[PDB]
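Peer 1: For reference, the chains in residue letters:
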Amino acid sequence: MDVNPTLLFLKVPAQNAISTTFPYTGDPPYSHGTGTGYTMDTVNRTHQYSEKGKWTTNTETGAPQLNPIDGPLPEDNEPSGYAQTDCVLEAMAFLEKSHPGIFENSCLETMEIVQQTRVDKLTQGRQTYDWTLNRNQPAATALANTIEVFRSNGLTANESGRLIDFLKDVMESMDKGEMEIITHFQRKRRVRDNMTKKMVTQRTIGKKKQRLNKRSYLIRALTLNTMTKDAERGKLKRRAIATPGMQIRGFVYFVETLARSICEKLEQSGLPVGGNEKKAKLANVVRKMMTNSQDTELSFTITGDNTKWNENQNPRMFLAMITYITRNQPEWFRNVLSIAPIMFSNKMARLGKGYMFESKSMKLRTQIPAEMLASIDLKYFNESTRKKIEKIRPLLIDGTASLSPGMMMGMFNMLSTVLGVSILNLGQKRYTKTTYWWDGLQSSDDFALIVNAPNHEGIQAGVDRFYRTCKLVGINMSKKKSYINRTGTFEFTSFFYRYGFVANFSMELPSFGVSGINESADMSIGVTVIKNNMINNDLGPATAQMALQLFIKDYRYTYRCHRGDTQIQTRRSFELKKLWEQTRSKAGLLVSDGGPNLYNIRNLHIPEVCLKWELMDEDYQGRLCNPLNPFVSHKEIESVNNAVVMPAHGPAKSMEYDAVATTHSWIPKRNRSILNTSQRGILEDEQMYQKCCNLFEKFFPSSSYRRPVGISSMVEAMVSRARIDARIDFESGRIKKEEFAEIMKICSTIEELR
Amino acid sequence: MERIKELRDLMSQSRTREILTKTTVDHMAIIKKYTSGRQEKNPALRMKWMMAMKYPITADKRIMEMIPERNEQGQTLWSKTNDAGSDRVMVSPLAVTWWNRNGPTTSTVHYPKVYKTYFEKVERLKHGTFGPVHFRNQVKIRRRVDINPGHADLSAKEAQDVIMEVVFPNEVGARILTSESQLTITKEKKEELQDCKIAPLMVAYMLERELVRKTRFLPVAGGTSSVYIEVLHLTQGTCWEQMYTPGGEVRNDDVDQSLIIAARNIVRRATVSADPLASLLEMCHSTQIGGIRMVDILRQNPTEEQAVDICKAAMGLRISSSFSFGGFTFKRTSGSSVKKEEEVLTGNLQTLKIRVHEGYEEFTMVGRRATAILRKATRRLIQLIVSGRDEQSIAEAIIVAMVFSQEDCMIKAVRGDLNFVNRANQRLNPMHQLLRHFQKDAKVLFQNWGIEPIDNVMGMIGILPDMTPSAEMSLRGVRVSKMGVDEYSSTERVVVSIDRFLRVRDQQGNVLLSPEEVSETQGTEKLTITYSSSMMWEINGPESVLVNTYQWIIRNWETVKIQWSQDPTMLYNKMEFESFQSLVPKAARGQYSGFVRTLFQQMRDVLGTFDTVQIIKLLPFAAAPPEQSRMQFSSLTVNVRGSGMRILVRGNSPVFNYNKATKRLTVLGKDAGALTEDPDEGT
Amino acid sequence: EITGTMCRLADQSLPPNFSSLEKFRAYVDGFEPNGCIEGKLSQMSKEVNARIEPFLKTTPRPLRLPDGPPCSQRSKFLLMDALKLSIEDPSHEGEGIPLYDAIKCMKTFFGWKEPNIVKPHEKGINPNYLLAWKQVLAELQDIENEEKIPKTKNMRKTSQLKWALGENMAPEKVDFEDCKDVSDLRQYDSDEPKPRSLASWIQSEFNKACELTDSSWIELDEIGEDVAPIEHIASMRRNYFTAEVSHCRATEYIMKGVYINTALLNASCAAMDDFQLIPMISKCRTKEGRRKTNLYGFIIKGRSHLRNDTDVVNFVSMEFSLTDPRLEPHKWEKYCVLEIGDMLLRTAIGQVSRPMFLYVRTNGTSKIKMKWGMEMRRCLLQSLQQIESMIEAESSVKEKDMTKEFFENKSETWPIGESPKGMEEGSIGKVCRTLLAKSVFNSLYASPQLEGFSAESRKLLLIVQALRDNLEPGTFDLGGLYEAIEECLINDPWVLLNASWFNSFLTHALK
RNA sequence: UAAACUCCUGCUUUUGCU
RNA sequence: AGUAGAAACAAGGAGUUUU
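Residue numbers (the entry's author numbering), protein chains in the order written: chain B, 1 to 754; chain C, 1 to 683; chain A, 206 to 716.
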């Protein structure tokens, strides 16, 4: 007979079996080539939905940017970023009138988070865009390259450990024209050999000077790198994700600090937390809308979504918000939050890599950079891409594209959500002064709305009042991907809701397996993922001892460590049996080297070796009790018990895991493609230094537990300790005070080297 | 000593080590995570990719000193290349094979003391005991609940402060030293590190880990305690709960606080229930608190709580000799008086028949928020030394003092009538009516009291009618102390008597404790409060009360139908339908039960209107005691949160929705069970 | 302070007619809501609206599938038509090594013939495939006659095998300024995919992946002892689950697809230059419990230099089949079917012999495609988690032991079938396989077209349930939602089947 | 100039030098 | 050819020798 499984929704309700319609089992779509065609199809789409603002021209930039807000009102259902400043302020002047005193309260923690934060808060995160090398360097090396730009510039003024003078000089860096950056290029030498009398070559790296301008640094200071959103699910196309620059996120950390602090004091943004508080907030307001549930009301919910949510923002009304939610605040504080919506409203996206061309005659390929797109024989392109260049060939400045309207992904959330919930604030009945009233929630772009009114004519008059309210601020709800129905059935970032009881089925299971960080610490996080998702993401009992049963089956395939009772063969089987026949504790031996699987769903929270400890005979764990451990390299507190495992709710999330230090917690291999780049000199200089920076960090005890923040000059820094190491050993100690004089003698001998 | 030479030996090399001279405080603070190699976007592929390389693992250069490159088998177990980015070399997993079968064997018996918290969990589990499955639905509550805070409840930075001392003391930088309680606990931890081994620094920041009070929002269907929070998945679920009692020391301080909250969910259940004199005894035999039942905990507990002592005195146990009024502990230190039954006219000329205490009496007013000494005369307050945490606690202590002194200034300060007729058929008392009025608003009471000058001698200041302290003038008789009121009193236990109305009477007949004295604070549980009946459905929520009640009728319908036909009074006095009657309108009290019991009596006499729709629909209403009413009893109003959402007499409703073709019951949306086809068929 | 570079660009950062930030900063402080919301709704168009049309049960038009040629086979091995060349119970001479497990299988196949092409590859060089199989049929016999005992086997680079493995067919990366004037130096083919249609075969792949088999395909690890009541109720719930997931043919395809992609990923990591040979082995435990080692065919890995995440490892898949390609040739447009042998079969009435083929096909995986075949065992989780969650919808119903409710009556209440006699309901053991067979094919045929389909085919799925539950639903432009699905139905056989189920769903959800 | 052999790399191969 | 889908891979990268 003909078999289809999608007919079992004829019996099971759709929100109870909705996980069958999540193809999260196959691979996600990847972008293959670039994002150059994807960035230009967003700089076009931003300047199409905002096409009627006045085209200014920036003074220090040369950018022909668009100034789209408080322009002509939209007069169709096509989305439009023409936001009304006298309604952005107005719809969140009603944010304080519902929840009183939010803004000056929430600034006051933000005025204290600004007064205790180092620069180290911005060196953690995603890979960023440095401006020195014009490339996605990761978040440490981009920060620790731009700082010695200032040191190789005249004015450092930043080395005081706090980031606000680091956020003073990034404004001041836009004053010094000659920005003498560092360039290193690769050369060769010629040495001899005395043993074999042969004369061979040797590789080394040179040094080169380079300078900038004020129409060349300011672009690179305001440059967003545009990647492609790899491994997004649920979209046939792709999209550009934006990587903010190095200077930008310093100001942006304070802006989302404030803006997250708003949403934790509000109660309709599920975003500042994880998914479990979101299920509370979701099912909160379905009951909050049964507060005024009269004898005859009609309450239709809206399973909303916002289409083109990122292009139809504008950081010019972000500046309108954070000028208003910092009312009567100090002058320095209102200023420092204000730089980030300024340098998003002059931001200049790069155009990615470029395009790969193909000869159908000479059988040759090549690829141009994205910068050559200002000057190309336009018949090199097919008919679709040729349309995309001509609509933004006026916008190419210095290989970038001036994109002042619109945000885009990977840059900033949680303040446009504050905007998006403030319209949902306005449906509170004290503000409507009519029979219809609404409330709901607002995620990043997927919202859910519940409106009520005493007949269908009221709801119809209540839905569009909301829709024409969101049009005043550039929030354009997806008329494709949204619908209305009565209460009890909606979704909200795929948290489906059936009459009261949510089925999660969002970030379903991309992992459930060996997410190899180590060999033990991906079992300790392995059995934690089955543990945590019995709580958070709601998998039941039998699938928890299936996702454990199979977790081990590919824990033993990646790490080859099958049992001895399986007589199958791999790189070792024989000396495992030495552990089998000698240890009287057969069934307590550890499983990262061929043991039984004592785990079940009574004991996931127990770690691996602390589970298998009250059974082992003294030899094995005593062979594991060796604290020398050439296989550990005892980490730092930010990296002790931290793996970066991505959900589908956010860009990244670190989650911890009870991992005992053991010989199986080793660090995996560094990638070696940097050895063949012409960027070798960023490694051979710096590979020698964490050999010896941690030789200093032996001499402080708390340096491997706390950040050491003192004077500069690491060589001068330990000798200040060495002479206070000296006297408390001199006044009292076990060692002789003549060997003290040897400790004395080294100190000036350091200074005898100038 | 010898470390410092190589700190110098590198320097006479090139300027490689002499940019490390230039490296800032900040630059070493940043280059400690300097990664030329980025964080892996997909580490799950890289582990599946690199484990097929012959050398996936980077092990540091000591392996070349201590591990052979030749084993007995035939494979080469390390490599002579360097890693990119270190002096670390690359090895195979046959190195880790070699070390765990042929490596050094060190016997540190205090390695359990390093990871002590994890071995506490094994101790909790191996010595823990399971209970059988209680098949109940999940109504989970999603609250920020603590995970493993540990000792002394110390602040998260202050947790790192005591760790910073014991790792090495010269890096503390603590402007605030410590409190007195931290001065002993760090001395014990001080010698324990030498007791471990010659120890790494990692033994220090695991002691840090048992002090971090992590509070993570989790759906907690059950108890929320740092002994039950680590399991949290073993216990709770879909059709089911798993009763789980982990081993270890059941605590002493707040099993009281575990028992208080479980008590109040039985007293408030009883006040809606038809028989508090039987049901609270009956629910003592089924409720378990962490496996240990309520019957076992109450006996060894000398903690005085209002609902707990009702649970004590129901079973035949004593209470103290301290009378309560407005939920405060009042101790008679001196004085005596007699009762006198007198009527007073209030400001609304309302007669309140009060018990006049004719005699000078000196009391100690101790509250949850205040501590005070009341000097009380016949219809008069003599003197009141009063303390409390804030001025709103002083507001409660004076208002309870101004009512009980029974003065004519308080009586003529009443503005309006008093109808705090509480949720019940009986009535109330004029003492408790006079509390709530001025606990709502007593500004006119504060002005009618009398204002006198005072003398501030030993920090004994006064208080003004606008609830402000003043050293110059104050309200008459009330002095507010800057220090705490000395109490130090203990009270002997006396056998006391109790009624059906939960009115706790002494040997003389003075009513000590009452459901009006029950405080309205509903705390956060700790030990899983597990009821064996259906009295968890209100904890679940008002919505669930309506759902699970019509659920329970369906499965046990053949129990109900015979109890429908034969003994409806046993059917009505079920305690599971008493969950419904907490939601019943009080204006419609007994009015609904009046009609349903007759509408059933209509259906028993006609023998042919056996319908199965309305029998399901109205049976929870007749659990209330019925009353005579007029003919208008047909707008059946059922409370959910705030709004009284109605059910109709005929057909369906949004609240109660029945579909005949589907034969499935929709109750405020949710589908409740499936009734069998037989009571549709017959008559 | 904002210096004399940023304060100047703090002016273009404003709304228009605001030429100074300090004026604008001193504009919002004197703000109070005049009522400019409905003052703007008085000024906006009355045409900007979100008017709801009702969503009746005569409203949903069915999805219109694309039109073109029928859709070709695209799974990277065969599915309904492989052949189990089996040596049963390997204790000695069937060892742990896959390559020596290869040799004993076709030594136990007696009837071999000469290679002759049955259907040609319609756009590839046909004799290169018949010389490819003649290489490996001589090359796998270059180790069973020679006792130097190798572990894996490397092909050597012929002229026919360099062709079918893309050897130096890559255009070499010139500089762009070397030859600009090339008349056909174009940007790549960035066009649409050429559409296909729905043919009868991808439905017939799913019927066979639904039905049971006589082998027991997954044997997997143990867990600790169930001395808790939750672990006794879940392991009874789980050993009821694998009573129809062991014997299900869609787990033959899991334990293939795990094994093919494992062996490809490991052989791509070591042998990054030469052309290894990889057999395709699945090990099937039987009903009673005697084991078996099936062989399905061989794979010749191409050059594997994977510098990106999605560079393609070309390879050539030789698979042993019994299905005549001339029976339904709208499927095997990518194959070059040879004919290599014959066996004797066993009929219930008599006995019959019938020939044997070999399906050769140039293929490719990325690293991503052959990672997500190694987590294909998570098809079992996603197919268990519904009948886990199909105890939650039955949780409140019975309030008792309820794994004892499902598998113990054959109360076949779940609609699965379509038939001439109507829809045909099934038991839960039938449903546990369909939800597994759906969940496998979401990984074999996993395209971007399946992602962008079921994102906005879910939002059409939810409201028909709102319509069947009489929730009075309403859209804004449902017609525009239908051109969000039919955008994504382009060319792959599974997504054109899911919509063809979905059109067969909308005609049963609305009667 | 066209052919072969020699070393590195498999996320850093996205691009700045001589 | 093949993979694939709005742009890609079909080794990149360094050395030497011969119209």
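Rather than coming from a laboratory, the hints here were simulated on the basis of the structure.
Idealized CB from N, CA, C, for every residue including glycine.
Treat the hints loosely; a few may be bogus.
Claimed, not checked - Here are the computed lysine-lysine pairs in the DSS-like style, where the Cα-Cα straight-line distance is at most 25 Å:
{"hint": "1", "chain 1": "B", "residue 1": "429", "chain 2": "B", "residue 2": "281"}
{"hint": "2", "chain 1": "C", "residue 1": "5", "chain 2": "C", "residue 2": "113"}
{"hint": "3", "chain 1": "A", "residue 1": "413", "chain 2": "B", "residue 2": "11"}
{"hint": "4", "chain 1": "B", "residue 1": "11", "chain 2": "C", "residue 2": "670"}
{"hint": "5", "chain 1": "C", "residue 1": "22", "chain 2": "B", "residue 2": "168"}
{"hint": "6", "chain 1": "C", "residue 1": "5", "chain 2": "B", "residue 2": "691"}
{"hint": "7", "chain 1": "A", "residue 1": "603", "chain 2": "A", "residue 2": "635"}
{"hint": "8", "chain 1": "C", "residue 1": "54", "chain 2": "A", "residue 2": "356"}
{"hint": "9", "chain 1": "A", "residue 1": "328", "chain 2": "A", "residue 2": "399"}
{"hint": "10", "chain 1": "A", "residue 1": "413", "chain 2": "A", "residue 2": "539"}
{"hint": "11", "chain 1": "B", "residue 1": "176", "chain 2": "C", "residue 2": "113"}
What the hints assert, rightly or not - Among chain B residues calculated to face chain C with C-beta under 10 Å, some are:
{"hint": "12", "residue": "112"}
{"hint": "13", "residue": "161"}
{"hint": "14", "residue": "164"}
{"hint": "15", "residue": "199"}
{"hint": "16", "residue": "285"}
{"hint": "17", "residue": "439"}
{"hint": "18", "residue": "517"}
{"hint": "19", "residue": "660"}
{"hint": "20", "residue": "671"}
{"hint": "21", "residue": "692"}
Peer 1: Run every hint past the structure and note whether it holds.
Peer 2: Structure-based check of all given hints:
Taking the CA atoms of residue 429 (chain B) and residue 281 (chain B), the gap is near 20 Å; set against the 25 Å cutoff, the hint holds. Proposed proximity of residue 5 (chain C) and residue 113 (chain C) is contradicted: the alpha carbons are some 36 Å apart, above 25 Å. A C-alpha spacing of about 24 Å is found between residue 413 (chain A) and residue 11 (chain B), which places the hinted pair at or below 25 Å, so the restraint holds. As the CA atoms of residue 11 (chain B) and residue 670 (chain C) are separated by approximately 16 Å, the hinted pair is consistent with the 25 Å bound.
For the hint linking residue 22 (chain C) to residue 168 (chain B), the alpha-carbon distance of about 23 Å falls within 25 Å, and the restraint holds. A distance of roughly 16 Å separates the Cα atoms of residue 5 (chain C) and residue 691 (chain B); the hinted pair therefore holds under the 25 Å criterion. For the suggested pair residue 603 (chain A) and residue 635 (chain A), the alpha carbons sit about 23 Å apart, so the restraint of at most 25 Å is met. Only pairs whose Cα atoms come within 25 Å are accepted, and residue 54 (chain C) paired with residue 356 (chain A) is accepted, the gap being roughly 15 Å.
A hinted pair counts as satisfied when its Cα atoms are at most 25 Å apart, and residue 328 (chain A) with residue 399 (chain A) qualifies at roughly 16 Å. Note on residue 413 (chain A) and residue 539 (chain A): the hinted pairing holds, with a Cα-Cα distance of about 22 Å set against a maximum of 25 Å. Between residue 176 (chain B) and residue 113 (chain C) the alpha-carbon distance is near 58 Å, which puts this suggested pair outside the 25 Å criterion. Against a cut-off of 10 Å between C-beta atoms, the interface hint on residue 112 (chain B) is violated, since the closest Cβ of chain C lies about 14 Å away.
Here the hint on residue 161 (chain B) is kept, as its CB sits about 6 Å from the closest CB of chain C, short of 10 Å. With 10 Å as the threshold, the beta carbon of residue 164 (chain B) stays out of range of chain C, its nearest partner Cβ sitting at about 14 Å, so the hint is violated. Checking residue 199 (chain B) against chain C: minimum C-beta separation of about 23 Å lies over 10 Å; hint violated. A distance limit of 10 Å between C-beta atoms decides the matter here; for residue 285 (chain B) the minimum to chain C is near 12 Å, and the interface restraint is violated.
Among the interface hints, the one on residue 439 (chain B) is violated; its C-beta lies about 14 Å from the nearest C-beta in chain C, farther than the 10 Å criterion. Because the smallest distance between the Cβ of residue 517 (chain B) and any Cβ of chain C comes to about 6 Å, under 10 Å, the interface hint for this residue holds. For residue 660 (chain B), the shortest C-beta to C-beta distance to chain C is roughly 6 Å, which falls under 10 Å, so the interface hint holds. The criterion of a C-beta within 10 Å of any C-beta in chain C is met by residue 671 (chain B), whose closest approach is roughly 5 Å, and the hint holds.
Using the Cβ-Cβ criterion of 10 Å, the hint placing residue 692 (chain B) at the interface with chain C is satisfied: the shortest such distance is roughly 6 Å.
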